[PDB]
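Trainee: Next come the chains, spelled out residue by residue.
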Amino acid sequence: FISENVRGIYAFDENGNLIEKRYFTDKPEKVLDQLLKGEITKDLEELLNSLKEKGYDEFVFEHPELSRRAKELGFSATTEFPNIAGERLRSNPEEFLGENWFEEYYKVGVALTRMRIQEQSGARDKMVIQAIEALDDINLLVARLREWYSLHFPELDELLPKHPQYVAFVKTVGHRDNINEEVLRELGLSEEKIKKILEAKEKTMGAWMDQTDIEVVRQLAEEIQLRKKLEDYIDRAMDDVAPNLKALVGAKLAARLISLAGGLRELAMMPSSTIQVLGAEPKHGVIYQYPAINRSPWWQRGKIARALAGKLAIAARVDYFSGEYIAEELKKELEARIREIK
Amino acid sequence: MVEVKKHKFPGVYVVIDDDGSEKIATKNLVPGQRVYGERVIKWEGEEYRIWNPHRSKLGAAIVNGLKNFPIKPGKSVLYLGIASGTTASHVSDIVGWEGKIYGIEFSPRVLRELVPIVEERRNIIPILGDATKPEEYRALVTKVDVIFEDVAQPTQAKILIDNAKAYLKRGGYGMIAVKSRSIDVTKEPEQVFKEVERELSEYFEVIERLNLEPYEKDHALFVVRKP
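Protein sequence lines correspond, in order, to chains A and B.
What the first sequence shows, in PDB author numbering, is residues 8 to 144, 149 to 235, 240 to 296, 309 to 369, in sequence order.
Residues in the second sequence are numbered from 1 upward in steps of one, following PDB author numbering.
No wet-lab data here; the hints were simulated from the structure.
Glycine included, C-beta positions come from ideal geometry on N, C-alpha and C.
Hints may be right or wrong, so weigh each one.
Stated by the list, open to error - Quick partial rundown of chain B residues pointing at chain A, CB under 8 Å, derived from the structure:
hint: 1; residue: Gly45
hint: 2; residue: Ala83
hint: 3; residue: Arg112
hint: 4; residue: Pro116
hint: 5; residue: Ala152
Said to hold, decoys possible - Cut-off 30 Å, straight-line C-alpha distance, at most; resulting in silico cross-link-like pairs (DSBU-like, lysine-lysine):
hint: 6; chain 1: A; residue 1: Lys369; chain 2: A; residue 2: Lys267
hint: 7; chain 1: A; residue 1: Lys49; chain 2: B; residue 2: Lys143
hint: 8; chain 1: A; residue 1: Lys28; chain 2: B; residue 2: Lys194
hint: 9; chain 1: B; residue 1: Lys133; chain 2: A; residue 2: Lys267
All chains, full assembly: derive it from the sequences and hints.
Mentor: Okay, structure coming up:
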């Protein structure tokens, strides 16, 4: 069935004749970056519908994400690679594309890359340190909302623990008395949570307000957006500056390391030892936040931590210089030195 | 003295210079376009480039005397590692404006440099991509003739196999510069290549297991054929 190329999404019968096609309405480089990744764009929905009103209930996509979001959409979707659609597209590019089909795989080949690839910048490690520094200040604002949305409603706090699930209530409703049983369902609330909140509008004490309500909602508006940004920029720009360091311990602890040392160079200049303790001095060693170090008994940690610092060092050095992605080997090497620690 | 002749292989040339020794060289497909700090040369009007093997791991395979070098001219090839462009600039020269290359190293920081090159060297697609996740570039490649894998992954084996099952025409080939410890940092090299040639050839027709000493410790450019 469904596959993709530089021209559009194609649709194929069990035997490989062309069912329906539809060309990319928006820049290919904008669309592929989504479909390829597994996200559904307007052209992949419109073709999903017209394919249906042609009398189809079966769908097969090449990326298991596409076909998982395809069925949380309604359409029954199986996921098989390489599906006879792409096996039909690639084996016969010229059939569909034309003679210069290659040129076309390049034109758009390049375009998309120049997208995904950030322009060279003297100090992006510094841009990260910042955005990391900010994500720390927003941590405080989020902590601050807590007692607030609550002055008027103390109950919620215990009910919704997860900030993003929580800031849902404020942003959209505000006032205790803005509660619907029909907007209680929507938002993602369970049946239990459809009574734990219909018990809200009419149960518990808390000093209602009308002007305050629209002060706090203005607070949640500005809390989400600097947050995301920061988290999402800190990631997609940890890819230019220290992809090795990144894929080692996650872009955050990564960014925390760069920051903690105050730049990339600085980190690189650090021996395993200086890195095994970079983070703290009762805190002691930022890198101990590593999954495998934490889940372990203190008597074994000192050992693993050593091994981490050795690989983070390398990650830095290369990252500093070239940024050739050698994480895998090192993640491997490391996973193999730890099993011996047991 | 500075003399330049044809090699065993198509699009491959051998040169001998003032020091009376021989060095590989490829027909640079783009005059005055120098990648990787090259040593180039010029005979009766052509700019043959020095395929220095310290820099490329194929230099080695070839200078160490490779037998089957499926990379002819015209032959489109998938390439898992295209990085700075070095060990892979040559393979554009060999292939020719009739051949093709889809190259795939995933660290943008790096790739970012090969992006200029492809302006005149319009014979490579600089795909920022990942070759552990093949599907995710099902739209910027096409069935190739030769998969060439150079990746510091530790599963080089199933990576080659899987890119293969996706984009490699029957009768196509495949070349994987395998590091030993890259696959296992605890298992003896000799014993590893026996396990690679094993797993690898459970889907392939193993053509040739070629060592790379003394250009690279425990490196070994295999050459599989897809029956």
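Trainee: Now tell me, hint by hint, if it's right for this structure.
Mentor: So, going through the hints one by one against the coordinates:
1. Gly45: Interface hint status for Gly45 (chain B): violated (28 Å vs cutoff 8 Å).
2. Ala83: 7 Å, holds
3. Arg112: 5 Å, holds
4. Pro116: 11 Å, violated
5. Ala152: 5 Å, holds
6. A:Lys369 x A:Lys267: Holds, at roughly 28 Å.
7. A:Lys49 x B:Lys143: 28 Å, holds
8. A:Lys28 x B:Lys194: Not satisfied, since the Cα-Cα distance of roughly 47 Å exceeds 30 Å.
9. B:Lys133 x A:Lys267: 23 Å, holds
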